[PDB]
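What follows is one chain in C-alpha cells, specifically the form deposited without the ligand.
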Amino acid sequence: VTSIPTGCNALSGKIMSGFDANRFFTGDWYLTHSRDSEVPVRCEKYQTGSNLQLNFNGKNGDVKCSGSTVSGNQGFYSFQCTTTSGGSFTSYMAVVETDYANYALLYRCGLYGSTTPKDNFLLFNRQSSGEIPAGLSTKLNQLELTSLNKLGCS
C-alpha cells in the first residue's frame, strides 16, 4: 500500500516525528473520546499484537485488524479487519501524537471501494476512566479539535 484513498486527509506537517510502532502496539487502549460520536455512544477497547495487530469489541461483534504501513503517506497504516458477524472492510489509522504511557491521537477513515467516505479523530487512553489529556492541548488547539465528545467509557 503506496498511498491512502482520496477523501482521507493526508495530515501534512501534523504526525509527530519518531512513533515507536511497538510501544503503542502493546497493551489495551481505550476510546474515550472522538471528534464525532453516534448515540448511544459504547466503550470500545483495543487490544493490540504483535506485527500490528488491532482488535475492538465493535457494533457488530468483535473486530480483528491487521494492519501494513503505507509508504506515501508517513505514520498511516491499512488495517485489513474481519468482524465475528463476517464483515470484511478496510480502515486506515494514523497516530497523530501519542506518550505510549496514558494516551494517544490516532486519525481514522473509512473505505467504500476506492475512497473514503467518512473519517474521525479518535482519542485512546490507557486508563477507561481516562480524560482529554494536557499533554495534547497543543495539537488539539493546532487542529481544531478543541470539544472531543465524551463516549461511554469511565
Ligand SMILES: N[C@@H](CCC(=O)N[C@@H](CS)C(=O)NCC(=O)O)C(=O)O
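Positions refer to the first chain, counted from 1. So that the term is clear: the rigid core is the largest set of C-alpha atoms that superpose within 1.5 Å between two forms. Compared with the form solved in complex with the ligand:
- Of the residues checked (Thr26, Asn120, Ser129, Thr115), the rigid-core alignment between these two forms shows a Cα shift of at least 2 Å for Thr115 alone.
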Contents of the next structure:
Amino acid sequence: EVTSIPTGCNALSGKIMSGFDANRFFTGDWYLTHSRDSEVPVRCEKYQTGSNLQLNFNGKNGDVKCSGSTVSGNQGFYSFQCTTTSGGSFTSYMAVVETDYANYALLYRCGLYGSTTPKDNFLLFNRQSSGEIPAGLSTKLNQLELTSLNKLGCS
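Could you present the same protein in the form solved in complex with the ligand, rather than the form deposited without the ligand shown above?
Keep in mind that what follows is only the chain, not its partners or any molecules around it.
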C-alpha cells in the first residue's frame, strides 16, 4: 500500500550515490557512531543485519527488531517495520547516501512516528565501534551542510 516516503521526508534526489549495492550493505554489523541530531545521553547502537532486510539493534529501551522492504516510488529508500521489547511498533524510512561497505555508511532516516511532522536525521555508521569521520566523506558532508556531526556513545 505505501509506495513512497512520508510527505516532508527528503527524497534526496540527485544527492544519493550511484550503484548502491544492497547485497554488500545489509551484511554484518553497523555501529551508529555519529549523527546530525542526537539525544542525551548518547548511546552506542549496534545494528545487526540478516538475510531479507531483517535487522536487530539495541535501542533506547530494549532490543528492536525490524523487517525491511524497498519503497517503489523512491530509489534507494527502504521502509522498516520495527517492534520493541516493551511491545511498541513503528515504521521508519532510510536511504544509504554514501558508503564504501567495508568501513562507513552515511544514511538518511525519516519517519512520522505518530505525528504529522517528520523527524529525520543524517546518520554515520561504522563497521568498528571506534570508527569516526572518514576522509572520503569530506566533500559530500560539506555539500549536505553536515559540517559538525555529533559523536555518539561508541568508542
